[PDB]
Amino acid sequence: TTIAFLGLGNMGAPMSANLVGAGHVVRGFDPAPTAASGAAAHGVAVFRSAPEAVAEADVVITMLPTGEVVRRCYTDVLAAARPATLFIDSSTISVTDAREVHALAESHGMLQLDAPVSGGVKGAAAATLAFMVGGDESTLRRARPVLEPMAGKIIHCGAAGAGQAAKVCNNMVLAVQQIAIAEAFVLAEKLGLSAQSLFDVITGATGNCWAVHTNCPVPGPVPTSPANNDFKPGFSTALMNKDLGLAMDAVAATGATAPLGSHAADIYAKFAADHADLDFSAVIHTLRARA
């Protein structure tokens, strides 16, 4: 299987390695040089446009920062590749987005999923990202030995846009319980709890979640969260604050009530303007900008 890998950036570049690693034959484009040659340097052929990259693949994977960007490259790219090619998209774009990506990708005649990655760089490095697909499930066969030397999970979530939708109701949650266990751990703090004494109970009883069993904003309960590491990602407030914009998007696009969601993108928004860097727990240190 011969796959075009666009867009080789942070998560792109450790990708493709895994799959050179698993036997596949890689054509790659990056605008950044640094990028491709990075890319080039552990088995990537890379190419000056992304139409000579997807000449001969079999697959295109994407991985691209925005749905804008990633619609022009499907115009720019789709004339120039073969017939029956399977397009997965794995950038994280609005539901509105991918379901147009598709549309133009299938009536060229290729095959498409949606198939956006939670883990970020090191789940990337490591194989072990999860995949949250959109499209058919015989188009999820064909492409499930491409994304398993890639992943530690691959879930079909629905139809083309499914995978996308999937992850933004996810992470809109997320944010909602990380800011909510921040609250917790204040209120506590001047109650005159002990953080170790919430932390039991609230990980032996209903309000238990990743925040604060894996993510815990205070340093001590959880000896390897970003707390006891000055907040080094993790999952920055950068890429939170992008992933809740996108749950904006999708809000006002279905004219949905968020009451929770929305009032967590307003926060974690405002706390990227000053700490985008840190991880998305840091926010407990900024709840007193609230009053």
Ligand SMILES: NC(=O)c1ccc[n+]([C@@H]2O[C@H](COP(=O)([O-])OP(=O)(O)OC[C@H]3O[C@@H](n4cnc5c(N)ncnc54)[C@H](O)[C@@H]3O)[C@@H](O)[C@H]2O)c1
Given for the second form:
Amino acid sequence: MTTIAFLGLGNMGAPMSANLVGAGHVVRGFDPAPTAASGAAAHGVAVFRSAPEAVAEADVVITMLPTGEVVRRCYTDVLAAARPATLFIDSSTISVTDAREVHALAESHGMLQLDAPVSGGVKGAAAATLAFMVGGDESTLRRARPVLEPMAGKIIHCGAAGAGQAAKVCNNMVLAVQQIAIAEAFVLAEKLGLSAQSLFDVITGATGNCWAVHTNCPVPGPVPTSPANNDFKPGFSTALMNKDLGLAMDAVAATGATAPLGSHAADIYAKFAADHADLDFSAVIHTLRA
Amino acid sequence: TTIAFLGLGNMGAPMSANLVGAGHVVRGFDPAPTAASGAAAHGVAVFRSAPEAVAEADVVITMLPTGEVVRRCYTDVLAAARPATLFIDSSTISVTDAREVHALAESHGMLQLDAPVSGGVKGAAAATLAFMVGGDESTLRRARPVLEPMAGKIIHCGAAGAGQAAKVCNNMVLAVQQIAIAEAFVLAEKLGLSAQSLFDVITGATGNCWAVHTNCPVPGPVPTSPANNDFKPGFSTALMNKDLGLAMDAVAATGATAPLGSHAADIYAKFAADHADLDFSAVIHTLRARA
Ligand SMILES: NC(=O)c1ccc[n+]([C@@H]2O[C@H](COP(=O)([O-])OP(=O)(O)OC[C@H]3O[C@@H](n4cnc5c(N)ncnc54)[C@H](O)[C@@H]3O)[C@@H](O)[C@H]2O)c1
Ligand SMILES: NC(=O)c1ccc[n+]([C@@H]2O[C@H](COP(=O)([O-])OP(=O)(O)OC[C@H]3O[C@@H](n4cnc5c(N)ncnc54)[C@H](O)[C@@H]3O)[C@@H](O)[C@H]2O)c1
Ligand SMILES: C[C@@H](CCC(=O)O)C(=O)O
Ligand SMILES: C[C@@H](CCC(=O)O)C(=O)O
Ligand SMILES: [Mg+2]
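Same protein, different form: I have the form solved without the ligand, so give me the form solved in complex with the ligand.
Below is the whole assembly, all chains and molecules, this chain first.
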């Protein structure tokens, strides 16, 4: 039982914080959107007037914020407010470059810091089945584990600061490429006269099998739980995939890496996001049918 | 069951030796003497022309390099075959070619399947090939006792051409995944994320696929992957390039939109100009050619 400041109580933060309260932690919340703050208070978060106040008497500070810029600003606002050697955990999804900058800033203030971005979305968040991909020192992670367990299905140490962000962004780039490639196969099958069911049974039993087909099948019928069967309601929204791909492209640009299919997929998803940011990212299949 | 086996090359030779090993009478033809004589050494009765091999056959299997050769083989032998001979084409050819040769054979009162295969020479030798089959279910049922001794898996895909379509769609995806995995490993390295950590994450997350869990293109995480043995195939760039050409023919013939598969095909056509003999996962080292 530790005291945790939780900054950012939106679609991910609210359920995350609720599980922390359920596990017996004292949770001190801040979010400048009062609706978010109010919903969090209903589940037992003690809500404060400012982020400096929420942080003041905390052993651990979790951030679950929309961008690198917001995390940077938040750190600048609160780090001096925190007690020395408080443990900061950023579970936001932000660029590797931003992650390393904020990490260095936290340490220069005498604070411990990890990046621990997550996968699982809101459903995973509410069920406490999120995967945390953690960058930082192993000993810091050991100190953090009791805080992360109540929110987590999996905790994976990926390397030094920034490696949680790196591993996530690498996986999600691959996933985007796979989701388009699956969609392309299914439309080509359709034009060849190969049924959706038959293609599904082949690919899933063969070398092409992957989550994008076996769980996220972009045509209705073979996997009745996939978004194609429910008007492409997310699931994992195109807006979010497009955000993660922007971060992957930031990583490519910062490294001079060559990612021809990854950047092609980023370009496809940025166009699809303009009009279909609200549909599950499997809905990119629409762009392949005339 | 007497079986005429036309095409006794890298795949045909071991497949035909498995048929002999299962008690079939196997008659053979290949215009390369070394292929033929090698096949005669494991029990195939080799003939001087394909029409000769076919004469006494209940089943005719073709394992040939292109659709045009399969088509010409068919028009050379169909009049030599007995009625209701079962023709199985296990070549990898276009869906269009598959369907035309199927119509040709059935017009002569024959029964015909397309049954291309996955698994390479190793799989052919070990009798673990995956047959992806198009045609009538009642014809596949008749074919089953022949396919079985060559096969680890037999999948009915649909009507004629569905075998070719299924295999070409899966291999297009495979190509895309192998490049995507390679991109991710290079990007991880530049970010200071170790190959082992990326491997541990992706294989336990949504990006997992055979391209990483079995064909990992960096040495270490999967000690048997080609990356740990100078990228010895495995599955050659030559062959992957061939399959992607067929995917591209199918995309062109249908007016399909396949941007990443088409991109993949370009990358592999280019890589095959230099590294045809390497495992297709070696594409990880040609990414800066496209820089
Ligand atoms: N929603 C998902 O499905 C999902 C899944 C995995 C990861 N993520 C990542 O999680 C992060 C947050 O996601 P979300 O869906 O909860 O976003 P959200 O926009 O729903 O919530 C973010 C919250 O942060 C608050 N906030 C902004 N500035 C603040 C500050 N200085 N102090 C305190 N709070 C502040 C906002 O008012 C808002 O309520 C993002 O980085 C996102 O990419 C989201
Ligand atoms: N080698 C592989 O790994 C592999 C794996 C799966 C599928 N395939 C497919 O199998 C087919 C052939 O495979 P392969 O590896 O045996 O190629 P191969 O080129 O080694 O064998 C083809 C053989 O057919 C002979 N031939 C040419 N015309 C002929 C005719 N009219 N009648 C009889 N024989 C003739 C050639 O002399 C040659 O020996 C191709 O369509 C290929 O894509 C190959
Ligand atoms: C994920 C965590 C267990 C906690 C949970 O199941 O919520 C762990 O053991 O790593
Ligand atoms: C078990 C297998 C039959 C092939 C064989 O017997 O080798 C299958 O049914 O696919
Ligand atoms: Mg075709």
